[PDB]
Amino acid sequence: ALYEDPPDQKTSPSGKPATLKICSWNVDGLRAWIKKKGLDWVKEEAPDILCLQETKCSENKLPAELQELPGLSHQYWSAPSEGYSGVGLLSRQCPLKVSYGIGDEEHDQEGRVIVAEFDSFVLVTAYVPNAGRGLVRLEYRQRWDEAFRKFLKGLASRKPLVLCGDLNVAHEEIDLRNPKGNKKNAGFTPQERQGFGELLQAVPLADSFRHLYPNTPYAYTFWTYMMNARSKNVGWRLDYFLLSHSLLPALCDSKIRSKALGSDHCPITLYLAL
């Protein structure tokens, strides 16, 4: 039933030390997050880049603490034109360029994607549309998936890419506690899984965590608040660090910060040697 993230690996396979630390998190509401000390966590983590999903808070209504963030001061935010969706990206270093959405008006209205370009790569963070209760949004989800894939594909074609976020899909069975009982629930439908795989193959992208821990069970990033889930380790692996194959060599580690509190999701951290 248990999962214990292994120790941070801070050198590349080739022996180069990690130079870049990226942390991703779905915070389930900025203010609620800050409230249940998420900020303090970040402080200890001290990433160079911080990607947040589910801010459910507009840039105009941003909490004060945030701007103060000492080591991460170039901050961008996107949210629907309050209390729903929205994403953010905070960096130690200033990106070459920041953009939003995926270039498709239909999919660009809920503040779900930020694109930040750096020297040696491009970083995309996203909070993916959930299929919903009763798979009522499944069809929309599928359209999204296709449009996203295409977008990413074009991006990668130009610059090596790193994609992170809450992708709202447990890839395979090993990716969740109860595959059987979830095949018809958002996040584990065949449609969704299929989409993910396509993403992988088509971009193409590699699943960082899975790449390093191919046979590791019990490793989740989301547990429903309900019915004591987190406590019983009844979760899903919904958050990823997807990488362009060319970055594999620069890969040091992909972590799952199990114990970090503040949301129904836990953070994930990526170490790259650039």
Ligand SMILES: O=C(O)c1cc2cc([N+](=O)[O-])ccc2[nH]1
Second form
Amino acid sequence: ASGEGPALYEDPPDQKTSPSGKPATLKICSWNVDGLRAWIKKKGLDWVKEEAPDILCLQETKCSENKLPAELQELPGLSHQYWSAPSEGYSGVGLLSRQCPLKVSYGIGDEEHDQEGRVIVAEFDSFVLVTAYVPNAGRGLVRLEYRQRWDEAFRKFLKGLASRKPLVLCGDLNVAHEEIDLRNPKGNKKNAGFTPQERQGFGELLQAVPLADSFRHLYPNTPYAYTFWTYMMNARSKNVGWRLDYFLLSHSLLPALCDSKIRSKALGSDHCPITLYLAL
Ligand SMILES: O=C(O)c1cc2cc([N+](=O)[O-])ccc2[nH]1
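Moving on from the form solved without the ligand, kindly provide the form solved in complex with the ligand as a structure.
Let's see the whole complex now, leading with the same chain.
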């Protein structure tokens, strides 16, 4: 018999100025859409239009780069579009920007980890943005050994990128770092997204690059702030969720951090969007 009832979470108002008072100049939105076509049918684009981000990162598009829905043409102000998908119907990431990036790359430079369309790297003047859909550990943890290999290769790759330019990593990292990051830590310690191996990998990623978890850095003691809820058992209406989607930043970008938002009420997927405001 289920132990959780509703838990309130009200994302605070958008702080659009840096701690020094500098207005935000860049708004990035990241969203695991759980199928680009399904998300469009569920009015996901109408939400993007209201949010009006400068850069939109999408994960789990499940769409081949050569089968993109024609409705994507109804997104003005995000004309530079980049997509990665497996060598259709699984994984897939997208990055849509108002301004053209200096360079766009796909993957993490390792053949073993570059066949499932999980990563886009876009270099800009002041920083390099990476969007990722991290491999899920799987039912029965059958992909956990592979996920640990992925974590090490990704950490090495990001540390290399950060040594040249400040980094922003966003996306569905498929781990709730700490107990405060999910509604049911006790029942999920042996499930994908909350194994000690995955949590330890997330801690290693923050320490080694290094990177700061933008949301937790700003709201260190705030509970019930999630970005994913299973479609089953009315989990979203009870706020039985997990915070799997993040914006991780280089320490040098902390003075530029205005806010890191969780758009809780935005429908269209089993994940909600997250939004970052930077004063670059
Ligand atoms: O590196 C930077 O300082 C920077 C890149 C960038 C891109 C957009 N955009 O609209 O795609 C807006 C503001 C931006 N700032």
